[PDB]
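Presented below, as structure tokens, is a lone chain in the form solved without this ligand.
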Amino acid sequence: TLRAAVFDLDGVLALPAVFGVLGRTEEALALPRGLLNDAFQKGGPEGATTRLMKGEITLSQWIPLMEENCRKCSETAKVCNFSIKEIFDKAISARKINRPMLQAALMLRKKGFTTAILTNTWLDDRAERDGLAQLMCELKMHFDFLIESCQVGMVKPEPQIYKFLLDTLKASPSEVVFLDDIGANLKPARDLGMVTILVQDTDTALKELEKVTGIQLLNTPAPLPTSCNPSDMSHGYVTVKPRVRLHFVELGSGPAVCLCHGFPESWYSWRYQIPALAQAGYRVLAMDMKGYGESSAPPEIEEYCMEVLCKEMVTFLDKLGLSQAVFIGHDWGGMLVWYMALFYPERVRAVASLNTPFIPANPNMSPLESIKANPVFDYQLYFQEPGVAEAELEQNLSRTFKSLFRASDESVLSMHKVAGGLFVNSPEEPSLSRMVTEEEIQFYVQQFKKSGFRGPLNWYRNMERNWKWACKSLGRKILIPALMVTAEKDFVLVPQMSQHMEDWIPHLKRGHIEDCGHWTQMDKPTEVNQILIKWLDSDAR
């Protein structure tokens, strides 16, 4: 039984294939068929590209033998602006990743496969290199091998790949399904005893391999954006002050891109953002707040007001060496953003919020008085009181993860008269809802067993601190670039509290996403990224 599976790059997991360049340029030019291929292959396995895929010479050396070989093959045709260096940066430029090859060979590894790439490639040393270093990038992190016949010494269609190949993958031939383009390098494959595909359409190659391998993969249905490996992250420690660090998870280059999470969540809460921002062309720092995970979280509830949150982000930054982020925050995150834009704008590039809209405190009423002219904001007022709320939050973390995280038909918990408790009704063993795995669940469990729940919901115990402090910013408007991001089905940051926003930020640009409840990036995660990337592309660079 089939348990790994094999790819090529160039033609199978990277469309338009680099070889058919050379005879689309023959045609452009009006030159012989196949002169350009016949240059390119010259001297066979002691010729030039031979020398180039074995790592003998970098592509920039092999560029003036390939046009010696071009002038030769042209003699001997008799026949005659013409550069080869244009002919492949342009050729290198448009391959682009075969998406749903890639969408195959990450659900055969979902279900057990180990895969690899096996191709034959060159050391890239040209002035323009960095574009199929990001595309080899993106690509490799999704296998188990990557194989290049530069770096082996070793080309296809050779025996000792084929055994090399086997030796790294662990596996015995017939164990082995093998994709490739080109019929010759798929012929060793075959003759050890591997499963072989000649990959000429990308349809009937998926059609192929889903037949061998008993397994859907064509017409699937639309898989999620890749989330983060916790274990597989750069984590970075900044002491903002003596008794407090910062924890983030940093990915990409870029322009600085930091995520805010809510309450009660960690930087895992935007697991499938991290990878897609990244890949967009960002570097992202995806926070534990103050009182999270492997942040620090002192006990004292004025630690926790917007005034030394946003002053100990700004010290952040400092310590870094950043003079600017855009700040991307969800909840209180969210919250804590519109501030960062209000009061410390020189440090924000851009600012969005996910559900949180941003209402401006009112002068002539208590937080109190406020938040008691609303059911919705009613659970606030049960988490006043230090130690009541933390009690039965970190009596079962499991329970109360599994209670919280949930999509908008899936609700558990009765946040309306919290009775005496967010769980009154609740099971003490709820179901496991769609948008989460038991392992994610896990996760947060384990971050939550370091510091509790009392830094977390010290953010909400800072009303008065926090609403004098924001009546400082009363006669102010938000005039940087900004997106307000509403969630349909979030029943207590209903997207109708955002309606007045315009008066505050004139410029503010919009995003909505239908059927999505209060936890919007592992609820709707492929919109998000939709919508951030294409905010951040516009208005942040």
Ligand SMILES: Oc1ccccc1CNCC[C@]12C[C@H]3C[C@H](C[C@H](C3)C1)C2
Given for the second form:
Number of protein chains: 2
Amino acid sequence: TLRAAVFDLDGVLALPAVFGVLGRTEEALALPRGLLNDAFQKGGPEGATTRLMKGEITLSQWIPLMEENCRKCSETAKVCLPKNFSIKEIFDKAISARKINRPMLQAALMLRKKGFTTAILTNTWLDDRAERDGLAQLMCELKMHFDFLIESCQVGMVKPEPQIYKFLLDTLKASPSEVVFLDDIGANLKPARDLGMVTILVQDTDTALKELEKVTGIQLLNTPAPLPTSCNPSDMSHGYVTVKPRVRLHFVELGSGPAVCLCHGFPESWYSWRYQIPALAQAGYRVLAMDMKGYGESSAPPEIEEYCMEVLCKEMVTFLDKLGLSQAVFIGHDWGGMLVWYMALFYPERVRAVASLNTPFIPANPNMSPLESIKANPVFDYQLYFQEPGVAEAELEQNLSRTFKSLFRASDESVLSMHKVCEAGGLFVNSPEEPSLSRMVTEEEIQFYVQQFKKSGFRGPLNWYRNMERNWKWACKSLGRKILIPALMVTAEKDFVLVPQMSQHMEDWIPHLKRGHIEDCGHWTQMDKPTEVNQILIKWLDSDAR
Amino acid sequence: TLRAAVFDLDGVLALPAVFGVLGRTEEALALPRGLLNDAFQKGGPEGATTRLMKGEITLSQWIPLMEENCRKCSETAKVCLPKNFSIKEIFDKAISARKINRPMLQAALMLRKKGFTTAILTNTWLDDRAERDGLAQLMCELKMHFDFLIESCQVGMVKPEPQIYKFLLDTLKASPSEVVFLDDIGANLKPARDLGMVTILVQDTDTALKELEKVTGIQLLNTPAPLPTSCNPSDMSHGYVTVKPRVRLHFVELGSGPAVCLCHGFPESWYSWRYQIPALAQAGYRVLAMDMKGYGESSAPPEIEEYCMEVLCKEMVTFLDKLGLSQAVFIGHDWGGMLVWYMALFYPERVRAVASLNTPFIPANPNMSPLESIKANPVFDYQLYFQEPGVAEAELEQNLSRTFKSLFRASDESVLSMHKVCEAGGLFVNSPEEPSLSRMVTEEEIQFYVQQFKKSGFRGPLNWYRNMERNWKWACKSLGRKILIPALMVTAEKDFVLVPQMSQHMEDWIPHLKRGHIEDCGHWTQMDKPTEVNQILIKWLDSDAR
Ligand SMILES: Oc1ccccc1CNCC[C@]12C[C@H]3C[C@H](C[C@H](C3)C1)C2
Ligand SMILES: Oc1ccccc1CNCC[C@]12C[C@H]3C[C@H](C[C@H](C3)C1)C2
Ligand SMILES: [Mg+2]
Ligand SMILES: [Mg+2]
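Coords for the form deposited with this ligand bound, given the form solved without this ligand:
Full complex below, order starting with the chain above.
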């Protein structure tokens, strides 16, 4: 029956409400209880505030008008407004103190997830204050989660005029008995009830959600901690830079602030960063999530030499050049992790800070060829299988769905042993044709990967494994150096290839190395434990990179 | 005969040279003349500094080694190094005091313009200082102008070892007698002379360029003030955002810092901003230059209503949303200028600062329909001609080359009178088939525009002129407000349509309005007088928007 949920901003999706500054200021300054609310409301439908809410006048135009009303009100209540009394001040402070009511957003999210059309309907104002960006930021953080945002000052109507509820219904394409509307102000509920909407008067958050729980029949309170916000590919800004004649690099870009460049592993995609991209933009950073050379919409020349790290690196530098970026933070996972450590070692002027998930930094051994080295660790048997051009492409390109459904699994979900891959004759030799879906990924998320790899298959991705000798010669040049720029290493308890212990010597080369560690976390760090990864990266960024 | 020019960085493309801090520090601290240079040079080919220049060790690794050398040197010269003596300090200060030697860059530019292959060959170091970004920035500003940048610490060789000159020749694909090489250090010239290169010892800049002038036979000193740096379209990062199902917006993006969004006029393109894009990135800003709805690689639906400003504006806001930008600076020209004033009036929370070239802000007249209004100013006769869907498309799409070659002209170059366009039957009725090239544009720059308009022609661009009544109704909503956010108006003496006097009332609606004025400047502000426009925008941005 119910199909739509409507939330007010002030007092409902954001707290404390700014009305509750008129109350507290009055107490705090020992003025007549209600004096400020009366001045705020002066003149009713024709007073300064309604014209503000209707978009007739801007906030800065209103400030003095409210001032005059506060003067009138005090003259007739025979009190003095204090010295240095400032409506700009009271309102600046109130407006920057309002934060998202997290439990309320979360409930909105959940109902949107079970199919409700959600909307914010709010009496707001055209904000031209010097400090207006604060409110611009909150509104951005809020609106992305809703189907509609209806602002009094944009549509020229206000709660509780009946016409805005008609505007609302018409926007939702819903009849009034299909709608729950929450407000903290009863008068604003009134006309919604007249049309027969379910209404909720929001005093404390928990009680409003309990009423919301009961009326929608959807569990909203006490629910499991939800995932971080993900990316809808076709809502992203997509960016393309030609770093040289045959080679273009694609990336997705979100946020303002210091540039932070995410480098995915084998065989992944910018999409592997879907859970970090919102949260880092949110935490004040300019996220550039790449398709690394060989994948997705980035170019994928055939030749093996196009994928040695010396060339991959120079290319990432050119990418900064053409974007006009002097530096960026490089954060990598798996292959991307190996590459960012080499960015630190060969171009520290370009790297603001370096971070890797799973991949330790390990120096070249100038005494031992790296193919020989590789045979010393059975767990790296798969890297030998990848050598012969053609062999691994054919297994991996055979069934793309099967491929990703097989590879992308939690630590307790593994359907393949990395043991004796060459002997057995393939990575998937003893795994299912139709593997169950991992708990980590939806059917759709697998298909996006599938579609990506339809562009260029696995030749380019595999080539990364095919320059061992050439990379070793180049790495040997870096044996005299240390990474002295800020740097974070994040180990994953249950990555059975890139085990935590592999990283135990890193302090010999990177003496001021910071660490973080995720428990019960397989190889696919970013989607396995997205929350924990976001917190470790944002805490490190705020301290080492800001 | 000569075909390539090679420049060192320190002392040649950047001044003061950092060697000249070893000299001045010695004086400044009253230490033995040459003590610091000796320590710097300690050990010759095997000492700390050469391994630094070869990329064996990073700058921060070297700092203490140089320290130890300064200790040895003072022990044997029987002097005391002062208290609080700091090589990190001396070097930080020296490195941030080096600036581009502008006249030297300009000469490099010029020779590149007359066909020389230009290169920077420099003994430099891997910079991992906390303050390394400064040098990252200078190197970016320098390298974009040259064919090659060869860095000692990247190639593992150093001046004056003979092998780097062999590496140089091989990079240039040139024989030694085709190359001029400038250095401030004679020893570094030595091996270039042995191979038979023309060499120049750079003491003062002017004398080196005079020698360079004579040997290349190219005027380099006393030359006319050159244009600002322009954009090569295929070297730009290109970005695309779907603001809604049928509609994608394209833009080019350069730089880091506060976001600055450039909105071109009718009938233009992001490319109209080619002269501002580098300079504003350079001045520390994140330039997003659009293709506005209807042009270039942005979508161009047929329907007239898709181009009223209410929709164009909402759409620009969505563009901020999807890019994760809470605000931007909006700077517009012509139609783009009209649109940004309305962005200020309807979404001041999203606009950090607003700027228009040529286009005054003019309020709607609520008493007079804007079609009627339009007949009151003969100079706007062309706007009536644009009304009838089909008519103006056909003239304008007939010969694209002729179209832009006709439209894009300096104030003293005009080949069409805006007078009685409807009467005459077209904009180009009495102009040439094959117009001369304006002094403002090259043949190639016309063809890029030509190619752009081949995608969607003039239907979308023209539609901007076709919502007069609808825009007027919407503008009327804004009659109560004032623009109180920072705002700049730039008038162009000789725009005969958008005359300076048209803007004379703007202070009634925008009381803190800043102004700038360009003399001898036609309608095509950005390419007519690019230098002057850059200086007015950067000065205003630094003061009102930073
Ligand atoms: O090889 C490198 C190179 C550099 C950095 C890290 C690694 C570690 N690579 C692990 C990549 C992996 C290989 C194989 C297929 C699929 C699932 C597992 C088995 C893990 C992806
Ligand atoms: O109409 C508007 C609307 C809004 C803002 C400014 C203007 C002013 N538009 C001037 C555009 C112009 C029209 C015509 C063809 C070509 C050469 C000149 C004659 C100038 C471009
Ligand atoms: Mg409320
Ligand atoms: Mg020098």
